[PDB]
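A.B. asks: This is what each chain is made of:
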Amino acid sequence: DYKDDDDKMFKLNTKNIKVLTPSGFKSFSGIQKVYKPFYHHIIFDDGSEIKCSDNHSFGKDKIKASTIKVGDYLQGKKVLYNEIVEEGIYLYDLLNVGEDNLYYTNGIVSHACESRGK
Amino acid sequence: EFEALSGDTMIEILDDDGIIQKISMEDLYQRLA
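Residue numbers (the numbering used here), protein chains in the order written: chain A, 1 to 118; chain B, 1 to 33.
Hints in this document: simulated from the structure, not taken from any laboratory. Be a bit skeptical, because a hint or two may be false.
Okay, the calculated beta carbon distance ranges per label pair [unchecked claim]:
#: 1; chain 1: A; residue 1: 73; chain 2: B; residue 2: 16; range: 35 to 45 Å
#: 2; chain 1: A; residue 1: 116; chain 2: B; residue 2: 15; range: 17 to 27 Å
#: 3; chain 1: B; residue 1: 8; chain 2: A; residue 2: 22; range: 17 to 27 Å
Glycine included, every Cβ here is placed at the ideal spot set by N, Cα and C.
The shape of chain B in the complex, shown without the other chains:
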């Protein structure tokens, strides 16, 4: 139904400029805010 990860779960992303950064899932949400 939902089944997600906790906000403190760390992920590794690549931003638009091509920047790799490790951030928490919730921080990613705030990044798209």
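Chain A with its partners taken away, still in its complex shape:
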């Protein structure tokens, strides 16, 4: 019926690369490549946009795309567009960013997924 083994390659961050976060440049454990059959295309009054999954959290408050409605403000930026586009797309995320899991994506603070931790 359904399988999530599409592009289950995964790349480990063995190159000592860090990403700019609210906590500074922080080291992430790695990056995952996943296939998502639908995503949200959000555009802000800031002019920047974000294309992410439905329940992808942004700021520290676990603010997910689907909970954001047009007219709201995300981190000081008014969301003018938030369409759920149901098209299969390849998606990427950073696993365990420093010790915060917050990082800057398109001038927006995003929340990283966690592969490390019990």
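Since chain A is already given, all that's left is putting chain B on it; use the hints.
C.D. replies: Quick look at chain B alone, frame taken from chain A:
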């Protein structure tokens, strides 16, 4: 379950040599390839 960003999403990274560079999420993947 997954909940990631699109490959065209731009991030700002710091490489090993201490180089700051803005690249897309997918480019970061190819950078670790």
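A.B. asks: All hints, please: hold or fail.
C.D. replies: Comparing the hints with the structure gives:
Taking the beta carbon of each, residue 73 of chain A and residue 16 of chain B are about 37 Å apart, inside 35 to 45 Å as hinted. A C-beta distance of roughly 22 Å is found between residue 116 of chain A and residue 15 of chain B, which places it inside the suggested range of 17 to 27 Å. Checked against the given bound of 17 to 27 Å, the beta carbons of residue 8 of chain B and residue 22 of chain A, roughly 22 Å apart, stay inside it.
This entry satisfies every hint, going by the numbered hints stated previously.
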